[PDB]
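Omission of a single protein chain aside, the complex is shown with its protein chains in their original locations.
Each chain gets a letter, A and B, in the order it is written, and its residues are counted from 1.
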Amino acid sequence: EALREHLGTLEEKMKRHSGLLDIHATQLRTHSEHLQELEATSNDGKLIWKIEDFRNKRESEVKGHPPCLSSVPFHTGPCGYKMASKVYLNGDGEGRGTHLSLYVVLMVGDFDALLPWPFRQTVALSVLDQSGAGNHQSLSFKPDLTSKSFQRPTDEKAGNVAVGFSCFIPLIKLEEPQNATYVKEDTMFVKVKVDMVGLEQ
Amino acid sequence: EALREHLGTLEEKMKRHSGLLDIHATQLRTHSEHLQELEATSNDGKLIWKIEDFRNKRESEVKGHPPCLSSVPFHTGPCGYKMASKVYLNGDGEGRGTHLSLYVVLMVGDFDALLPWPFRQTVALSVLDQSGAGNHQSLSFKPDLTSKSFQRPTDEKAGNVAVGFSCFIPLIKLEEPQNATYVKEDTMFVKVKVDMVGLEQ
Partner (left out) sequence: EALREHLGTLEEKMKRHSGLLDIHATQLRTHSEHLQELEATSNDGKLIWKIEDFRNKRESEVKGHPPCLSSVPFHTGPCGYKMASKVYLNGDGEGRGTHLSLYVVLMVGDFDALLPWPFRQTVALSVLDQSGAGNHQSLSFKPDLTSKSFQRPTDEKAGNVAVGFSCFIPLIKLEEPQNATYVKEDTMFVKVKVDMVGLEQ
C-alpha cells in the first residue's frame, strides 16, 4: 500500500493533466476565434465578408446543422457601435427557400454607454460581383426609431434582433444571373457599408 | 527492476508533461495580454480606456494589492512613440487619498531610434462624462525639455518616469459631481489625446 498510495497519487495527477489540456484547448480555440476577428474586420464601419466553400455551406444549410452563417463583429468607427452580419443562404421568414437573406445584427459594444440610442446610422448591404463589371446587388435602409432591433444591445452572446432584407436576391439569380457572376471559384463576397459619423454631414 | 526502470521512466516522462503545461500556460497568458493590447488600442495617438468594476478596483486600491491601474500600450502614430496611461484611483504623491491621479508613462518603443528625443508632443488627459452633456474634466500640458520623463525610455518593462496631474479631480467630485456623471454602471472612461505629428502644423 506504500506503492499503492503513490500509484493512486500518480493516477489522480494524470487526470489533472487531462483537465488542463481540455482547458488549454478551449483557450486556444477562443484565441483562434479572436485572431480571425482582428485579421478580417475593419473599424471604418465598412466590412467585406469572404464566404468560402459555398456549395457545401449551401447543402449543409438545407440540413438543420448551420441554420445561418455569421460574420466577424465589426465596428462603425473605432469606439463606435459594434455589429455583425448574418446571411441565411437558403432564406429566413419571407425569403426562406427561394431567396438569400442578408441582415446585420447589432451586438453589445464596449463603448455603448458613450453612444446615443437608438442607432440612427444608415446601413447598405451588398453582394459583390467577381466579373469586375460592377453590377452588384446593393440595397440600403434608414433605421426606424420604432424597431426594437436598434435599441441598445443587452443580449451579449446572441446580439440584438437581426434586421435587414429577407428577399435580398432570388436564388436562381444568385446561382446564375445574366448581368454578373456573384459566385466565382465556389466563393462569394458580402459587403456592409455604414456611415461612421454625421456631425454636419 | 526491469519494470522498475520502465516505471521510473514513466514518472520522469510524467513530470516532463507537467513542465510543458506550465510553459504552455504562461505562453497562453502572454498571448491573451497581447490580444487585448491589439483589440483595445488605437495607433492614431488617441486612446480610450474603459475602466470596469470601479468600486472593487477602488476598495482593492485602498489595500496594498494593485497600487495603481495601467492601460494597454498605445502609439502616437503607427511607428511613432509608444506609451501607456496609469491611473492611481486613490491618488499618488500630492493628490494621494483625496484626488484621482492620471499620468501617462512613455515606454520603450520599437522605432525609438528613428524618432527624435526628447518627446515634444502635447498631451491631453481627460475623464469622459457618461451623461452626454459633454462637461468632461480634461487637462493638457506641453512637455518640458528639462524633465527626464521625456528622455528616450530604457526601463523596458517598467517604462519611463510617470508624468501627469497628481490632483486630476477631487474624489468627492469624481464620486458625485453636480455638472456630470463620470462613473456610470460601475464603469469609468479615461481618454488620452496626443498630437501624432507637427510638420508645419
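Criterion: a contact is a pair of C-beta atoms (placed from the backbone, for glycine too) under 8 Å apart; a residue touches a chain by one contact, two chains touch by 3 or more.
Screening A:17, A:96 or A:120 for touch with the missing chain picks out A:17. Note on the undisplayed chain: of the listed residues B:4, B:13, B:63 or B:148, the one touching it is B:13. Checked against the full complex, the one of B:116, B:134 or B:198 touching the unshown chain is B:116. By the touch definition given at the top, chain B reaches the unshown chain through residues 10, 13-14, 17, 20-21, 24, 27-28, 31, 34-35, 38, 78-79, 110-111, 113-114, 116.
Counting the whole complex, the residues of chain A in touch with the unshown chain are 11, 14, 17-18, 21, 24-25, 28, 31-32, 35, 38-39, 42, 44, 48, 50, 128, 130, 132, 184-185, 187, 189.
We take it that only the chains that are shown with their structure count from here on.
The geometric centre of chain A is 31 Å away from that of chain B, both derived from CA atoms.
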